[PDB]
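S.K.: Letter by letter, the chains look like this.
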Amino acid sequence: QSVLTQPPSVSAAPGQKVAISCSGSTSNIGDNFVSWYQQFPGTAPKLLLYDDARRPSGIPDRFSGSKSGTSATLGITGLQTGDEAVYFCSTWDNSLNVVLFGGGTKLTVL
Amino acid sequence: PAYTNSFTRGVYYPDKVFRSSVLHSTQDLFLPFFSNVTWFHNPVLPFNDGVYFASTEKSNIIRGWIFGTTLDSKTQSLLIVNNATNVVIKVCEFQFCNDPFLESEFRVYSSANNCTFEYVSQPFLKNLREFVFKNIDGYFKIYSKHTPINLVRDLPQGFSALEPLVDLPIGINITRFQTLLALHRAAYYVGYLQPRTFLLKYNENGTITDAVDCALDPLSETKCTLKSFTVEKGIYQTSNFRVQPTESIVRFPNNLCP
Amino acid sequence: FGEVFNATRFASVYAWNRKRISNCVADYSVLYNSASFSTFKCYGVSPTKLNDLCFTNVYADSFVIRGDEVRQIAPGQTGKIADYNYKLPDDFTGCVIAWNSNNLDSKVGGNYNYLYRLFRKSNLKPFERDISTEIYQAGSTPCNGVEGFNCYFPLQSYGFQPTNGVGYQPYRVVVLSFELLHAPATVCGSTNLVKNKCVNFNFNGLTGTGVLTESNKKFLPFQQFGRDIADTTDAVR
Amino acid sequence: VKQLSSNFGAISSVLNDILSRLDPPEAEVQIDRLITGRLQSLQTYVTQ
Amino acid sequence: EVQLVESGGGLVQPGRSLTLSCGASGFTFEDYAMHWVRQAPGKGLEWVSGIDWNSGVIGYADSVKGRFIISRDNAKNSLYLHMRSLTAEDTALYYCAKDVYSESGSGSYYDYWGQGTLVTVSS
Ligand SMILES: *[C@@H]1O[C@H](CO)[C@@H](O)[C@H](O)[C@H]1NC(C)=O
Ligand SMILES: *[C@@H]1O[C@H](CO)[C@@H](O)[C@H](O)[C@H]1NC(C)=O
Ligand SMILES: *[C@@H]1O[C@H](CO)[C@@H](O)[C@H](O)[C@H]1NC(C)=O
Ligand SMILES: *[C@@H]1O[C@H](CO)[C@@H](O)[C@H](O)[C@H]1NC(C)=O
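As you go down the protein sequences, you meet chains A, B, C, D and E in turn. The opening residue of the first sequence carries number 1 in the authors' numbering; numbering runs sequentially from there. When the letters of the second sequence are read in order and numbered with the authors' numbering, they come out as residues 26 to 66, 81 to 141, 154 to 176, 187 to 246, 263 to 331, 334 to 337. When the letters of the third sequence are read in order and numbered with the authors' numbering, they come out as residues 338 to 526, 530 to 577. The opening residue of the fourth sequence carries number 963 in the authors' numbering; numbering runs sequentially from there. The opening residue of the fifth sequence carries number 1 in the authors' numbering; numbering runs sequentially from there.
Each hint should be verified, as a subset may be incorrect.
[Claimed, not checked] With a straight-line cut-off of 30 angstroms between C-alpha atoms, the simulated DSS-like cross-links for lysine-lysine are: (1) C:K417 - B:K202; (2) C:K558 - B:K195; (3) B:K206 - C:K558; (4) B:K278 - D:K964; (5) B:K187 - B:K278; (6) B:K113 - B:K202; (7) C:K424 - C:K386; (8) C:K417 - E:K76; (9) E:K65 - C:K424; (10) C:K356 - C:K424; (11) B:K278 - B:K202; (12) B:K113 - B:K41; (13) D:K964 - B:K304; (14) C:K424 - C:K444; (15) B:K304 - C:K557.
[Said to hold, decoys possible] Covered by chain B, per the in silico footprint, the following chain C stretches (three or more residues, Cβ under 8 angstroms): (16) 516–523; (17) 549–560; (18) 563–575.
Hint data in this document are derived by calculation from the structure and do not stem from the laboratory. Beta carbons are placed, not taken as given, at the ideal position from N, Cα and C, and that holds for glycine.
One chain only, chain A, in its complex shape:
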């Protein structure tokens, strides 16, 4: 069973660009665009990116990122305090016929 791979935790100073990488098998990420979810600790997950770069209403333009090949990249710019959250990349797998959820990356500011 393919598992989406994400770095455990990332820490950056406010105003520093943040890159998050999601690693998946060709059948999952290659067939359908990954969906990013921003979950604040102790809160229900909120969709951050739909169909890769496209952003759902209520998501800041500074949030960005491009998926190339089997890797999905989330780019965060103009980072601020209180933006700390756990990010999950989710892409359904045609071969596995099950939705796949990434381990998650713990973004934070000191």
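Starting from the structure of chain A, add chains B, C, D and E with the ligands where the hints point.
M.R.: Structure of chains B, C, D and E with the ligands alone, referenced to chain A:
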């Protein structure tokens, strides 16, 4: 409550048929000539087989109507709403609130279940707006006309025929009625249709230009029997006059078995 | 109707759902002339009759039934699966369509997607979705644990492997229910125009014989046909 | 002319609809009622 | 606004069964596919079950296959998950998920997430 007179108003097109220069006498639910129309300026009014709803100018406030036997989730209720862009008609089971109005909207009901109909069209609605709602054999009908008027203290003294707009096959009972407003941080007259006989007058283009009501006065009944709008000097036999029975007595003669 | 037929997944017989069809024209004839379905049985309905005469409140029921037990799911027919899963009224005025789903509904690994209620306290009434999650109890043998006294669990996963026989192989069957109701709306399913000739004409509800010529009278946009004195139709749109 | 659209007791005032939706054994009586009504009307016209 | 009410989640013994009920409001329930996602605290999100407009079962997580049953009623606007053979691994927080794509085959993302209920499986 501040009744007013409807000077020959509320005449719609009875059927989708072209008649030219033909004085046709139709028997249908019309609003009687020179009647009493309540001047509101939002109670739950009865339907009573039809309604001649109007609006003085309404300055874009009159924005829908609610139709329902119970106005609760127990039975289906009809709902016509104007969202200022399109007309929205739903027949879902709504739990209508006591004070529904229209930014603050969507408060009109709470529960929306067992939806059966959905329809979106161009919006229905200084400016005189007239409407006739009628429900015959499960085919809810809406007639209308939107003519520009001035001196809008009360309904004008003129004739205007209502072209049909929509024929909804809702099929539900309609017994209660209440309009909707747009509360912001101006009046709507109501008349009632009764079974009457009219003598509609069509011009060369098929538009009704005049009509006479065959119950208003003896002259109108004479015009209807002659099927004309001008009657020459004479004496015309119009109808019959029969006294009706009152009490229906029964009398029988004054040896019980043991 | 095609979208329901081309659904990626079909509902389990226990989870069968009713889909309301209304406010749209339905081409029943297309289904027959397609002939893409292994089985097709119309009870109380004739295919030509269904086109000409229609019933309001059409209902579509989706469930996967093994070809061998497809017969059990019939009006006036009682079967283990029919009694506890889907029940059809004997006086059914409806057409049932069945086609093999081995290509997409059959998995070599096997599918826990389709489940059936082997055990139920009472036979289901017609058109009753089954909803009894609790195991057999009856107060004779009640507890979370399984006594084995006819208790077990009603829902069991169906097995649909390619190796399985054609009767075992999954079949997609849809039930269409036709009834006449008070509501006016109905779902019902056109030659050319010959001018300057005696022809029979069948305009939208208006029938008669006569010569049709282009006219100068212009109707109001809501007026269909015209008349005259004595009320004999002499115009049409 | 205007008394050609009267039932005279039949279900319908048009022959085609009666012939279409009734069994020919059963539509006979309705056709006969229409015959009688129309013949009576034409006789009164000719007499007057 | 779509609100996903969560209930039927409580401390339970391992060899017992438990039903989770999700309430759907602010959107048509039949129009949008509904999914179950669980996340144990300190662990990544794990997809559990999926269903569609036709109520056909899209599938189950391999770990929960044959022990979990998913069902929904379009009329009641509610979906129910039946859990059997519950284990310590099963213990997690189950959040209702609203899916924009009924087929969920491709480009399917969760527009709204339920607050969730805490299933605890212990002796
Ligand atoms: C209207 O009501 C008034 C009193 O409310 C009455 O005098 C009058 O006759 C009524 N008009 C008609 C046409 O009945
Ligand atoms: C929905 O409405 C139909 C027809 O009005 C009725 O037969 C049915 O029982 C209703 N169901 C519910 C759940 O209200
Ligand atoms: C309207 O009310 C009458 C009175 O009981 C009832 O018989 C009839 O079924 C109702 N019709 C509808 C469409 O609700
Ligand atoms: C009827 O139609 C004519 C067409 O030219 C137009 O002048 C107007 O709409 C009507 N005129 C009269 C005299 O009714």
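S.K.: Now tell me if each hint is right for this structure.
M.R.: Cross-check of the supplied hints:
no. : hint            : result
1   : C:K417 - B:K202 : 50 angstroms, violated
2   : C:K558 - B:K195 : 28 angstroms, holds
3   : B:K206 - C:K558 : 20 angstroms, holds
4   : B:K278 - D:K964 : 20 angstroms, holds
5   : B:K187 - B:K278 : 28 angstroms, holds
6   : B:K113 - B:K202 : 24 angstroms, holds
7   : C:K424 - C:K386 : 25 angstroms, holds
8   : C:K417 - E:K76  : 28 angstroms, holds
9   : E:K65 - C:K424  : 28 angstroms, holds
10  : C:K356 - C:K424 : 16 angstroms, holds
11  : B:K278 - B:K202 : 23 angstroms, holds
12  : B:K113 - B:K41  : 36 angstroms, violated
13  : D:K964 - B:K304 : 15 angstroms, holds
14  : C:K424 - C:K444 : 28 angstroms, holds
15  : B:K304 - C:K557 : 24 angstroms, holds
16  : 516–523         : holds (count 4)
17  : 549–560         : holds (count 4)
18  : 563–575         : holds (count 8)
In summary, the numbered hints that this structure violates are 1, 12.
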